[PDB]
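Here the complex is missing a single protein chain, while all its other protein chains stay put.
Chain lettering (A and B) follows the sequence in which the chains are written, and residue indices restart at 1 in each chain.
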Amino acid sequence: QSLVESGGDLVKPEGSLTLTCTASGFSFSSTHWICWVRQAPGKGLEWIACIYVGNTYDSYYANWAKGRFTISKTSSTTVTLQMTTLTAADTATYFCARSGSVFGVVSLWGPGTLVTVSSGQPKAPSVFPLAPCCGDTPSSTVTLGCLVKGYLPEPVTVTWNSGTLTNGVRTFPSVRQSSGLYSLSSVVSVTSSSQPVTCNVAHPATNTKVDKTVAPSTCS
Amino acid sequence: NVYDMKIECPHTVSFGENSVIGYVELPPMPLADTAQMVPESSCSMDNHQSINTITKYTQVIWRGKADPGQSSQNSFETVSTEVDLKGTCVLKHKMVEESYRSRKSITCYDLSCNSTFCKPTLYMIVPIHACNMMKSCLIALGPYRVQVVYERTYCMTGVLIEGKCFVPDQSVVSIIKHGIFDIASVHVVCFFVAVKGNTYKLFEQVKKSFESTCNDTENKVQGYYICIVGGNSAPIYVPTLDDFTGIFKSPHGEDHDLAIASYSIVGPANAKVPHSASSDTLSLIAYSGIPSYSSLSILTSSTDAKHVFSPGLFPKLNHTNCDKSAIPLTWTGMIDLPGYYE
Partner (left out) sequence: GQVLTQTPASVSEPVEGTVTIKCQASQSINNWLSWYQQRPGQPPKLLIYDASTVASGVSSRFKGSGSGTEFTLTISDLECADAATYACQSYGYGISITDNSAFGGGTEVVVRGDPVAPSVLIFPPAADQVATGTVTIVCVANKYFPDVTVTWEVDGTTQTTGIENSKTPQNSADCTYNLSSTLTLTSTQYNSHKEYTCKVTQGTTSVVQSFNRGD
């Protein structure tokens, strides 16, 4: 049992964007309620709207989102959420909610989707390798990593050796720069005798998948 | 978008201590807006102050089970809470007669609700003393406005039925003395009044009228229900007493099946009407769709009246097994009554 949120791309200010929530392997039935919840980074949860998602139609919107948002059920497995005249304050993570009553207890959530409202254009990441200075004395264990520079919008995924290696992997959260661009860095520690490790940076927004491979012998 | 409440008046006024009643069914409104909703009347007869008073109700609601995993098995639970409802048709003992002698009206409403929306049915009981002046009145109930429209029928003291007047007479003795009478279906609106006492053993008489196994009647509700048959000589204290059954042949009221039908049956349920009982004491059927029938009922198996408000649930009104009991607060329908007319 799960909920999946789609959509959520970079949208210009005063623009519009429509989100979609899908259910997996579970019919909607008639004793359930589907809802949308948003949460800005650094702020609490916010109610948006709900739908009875049954045979009869009745929906309720938030006071701030009334008239500006539009929620409706489409089929027996999907619901939508039309957003209009989005501003910078609407940049948040939008979750799909399932409850047994209107605005009630959320029995199951979803991973959530990010809606970035910014006037900038999408950009591809510029992956750089992270290696110690060549002047450093070789050690038994060495730490290497890949650096993902300015990109827009989020999310980007970094995996090492196509997910085969997980131990010793430390991926750091992204940080927004002055120009509204995000940067992420991830490092891994392996022995000098190990085979070269490959980091797989993937940016679904720009559809860029950079495969930079590093070896313990690599130096800056 | 004003709505009309028609009231019929006979030619002769004040033959007795009689009152007339009218009703109107209003379009659905949100359930949250029905709180603290009281009628504000503009008639020459001030509304009774006891109607606007607070009557403590038990709110019984249905919702999908909160526990995940069990929520995946689309099961639903019941929640019981105490709420305060004003303006509902909760009449007191001898309230109709005292209102008649005090020139005061009784304006109350019955609400038909699903889980989210309510269809209110406004009622007004006024003495026939307002049938001579026939002053038009305006009643405000929440976001709705109702125009009180008086229509003068061509009847001296009777009630207009299919273009003919009809007078129902009281007790068997009057019929025997008259030596001939006719019986026709007459519309009637009734309200239940609960009062404790020793002469109010309701269910010992309920078992007599129909074969229902209802033991331990002492701990059950005590009271009678007064109904208005419109026109003149309307007030009845208790039906079928043989001094003046049909309600329980069609306990759900006037036929109000939804009939395009976006109504979905969710399933039956049990709940605690006192909200403090050890176990469930009332059975209900949760539903989804357009609101229909009455969402208000009274638990019988309790001497003190336990008023029930069940939005989105249908209370069990069948006393065939006496189990999980409830009775409607208001009832509108047609019953055959003896009488005579010119």
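As a convention for this text, a residue touches a chain if its C-beta (ideal position, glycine included) is under 8 Å from a C-beta of that chain, and two chains touch if they have at least 3 such contacts.
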**Message:** Considering the complete complex, identify which of A:7, A:104 or A:122 is in touch with the unshown chain.
**Reply:** A:104
**Touch with the omitted chain, as defined above, among B:48, B:63 or B:316** = B:63
**Request:** Determine which one of A:67, A:135 or A:163 touches the chain that has been left out.
**Result:** A:135
**Item:** Residues of chain B (touch criterion as defined above) contacting the omitted chain
**Value:** 31-32, 34-35, 59, 61, 63, 66-70, 79, 81, 83, 116, 311
**Asked** Footprint of the hidden chain on chain A, which residues?
**Response** 37, 43-47, 60, 95, 101-107, 109-112, 126, 128-133, 135, 143, 145, 147, 149, 170, 172-175, 177, 183, 185, 187, 220
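The rule we apply is simple: only the chains that are shown with their structure count from here on.
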**Fill in**
Between the Cα centroids of chain A and chain B the separation in whole angstrom comes to 56
**Fill in**
Seen from chain A, its contact residues with chain B in the complex are 1, 26, 29-33, 52, 54-58, 98-102, 104-105, 107-108
**Asked** If you look only at chain B, which of its residues touch chain A in the complex?
**Response** 63-68, 71-72, 74-77, 115-117, 262-264, 266, 288-290
